[PDB]
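Student: The residues making up each chain are set out below.
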Amino acid sequence: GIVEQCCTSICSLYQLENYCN
Amino acid sequence: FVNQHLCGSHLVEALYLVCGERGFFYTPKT
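As they're listed, the protein sequences go chains V and W. Positions in the first sequence are counted from 1; adding 89 to them yields the UniProt record's numbering. Positions in the second sequence are counted from 1; adding 24 to them yields the UniProt record's numbering.
Hints were generated in silico from the structure; no laboratory data involved. For each residue, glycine too, the CB sits at the ideal point set by N, CA and C. Honestly, I wouldn't trust all of these hints.
[As the list claims (entries may be wrong)] Partial chain V-side listing against chain W, Cβ under 7 angstroms, derived:
id, residue
1, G90
2, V92
3, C95
4, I99
5, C100
6, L102
7, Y103
8, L105
9, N107
10, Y108
11, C109
[Claimed, not checked] Ranges between beta-carbon positions, derived for each pair:
id, chain 1, residue 1, chain 2, residue 2, range
12, V, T97, W, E45, 28 to 36 angstroms
13, W, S33, V, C109, 16 to 24 angstroms
14, W, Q28, V, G90, 15 to 23 angstroms
15, V, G90, W, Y40, 12 to 20 angstroms
16, V, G90, W, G47, 15 to 23 angstroms
My request is simple: use the sequences and hints to build the entire structure.
Tutor: Given below as structure tokens:
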């Protein structure tokens, strides 16, 4: 999930935007 | 600013800035 992708590893814009409505 | 480790309030702040008027969902357990 987002924690694994952005907190425990380096985040990206591509992955943040997947969580926008 | 997004290309770093972002945890807790830092991650929610990034979501807020990136997603703008769309809003977002923050689901740390899923």
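Student: Each hint: holds or not?
Tutor: Now for the hints, and whether the structure bears them out:
no. : hint                               : verdict
1   : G90                                : holds, 5 angstroms
2   : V92                                : holds, 5 angstroms
3   : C95                                : holds, 5 angstroms
4   : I99                                : holds, 6 angstroms
5   : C100                               : holds, 5 angstroms
6   : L102                               : holds, 5 angstroms
7   : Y103                               : violated, 9 angstroms
8   : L105                               : holds, 5 angstroms
9   : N107                               : violated, 10 angstroms
10  : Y108                               : holds, 5 angstroms
11  : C109                               : holds, 4 angstroms
12  : V/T97 x W/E45: 28 to 36 angstroms  : holds, 29 angstroms
13  : W/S33 x V/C109: 16 to 24 angstroms : holds, 18 angstroms
14  : W/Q28 x V/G90: 15 to 23 angstroms  : holds, 18 angstroms
15  : V/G90 x W/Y40: 12 to 20 angstroms  : holds, 18 angstroms
16  : V/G90 x W/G47: 15 to 23 angstroms  : holds, 18 angstroms
When the structure is compared with the earlier hints, violations turn up for hints 7 and 9 and for no others.
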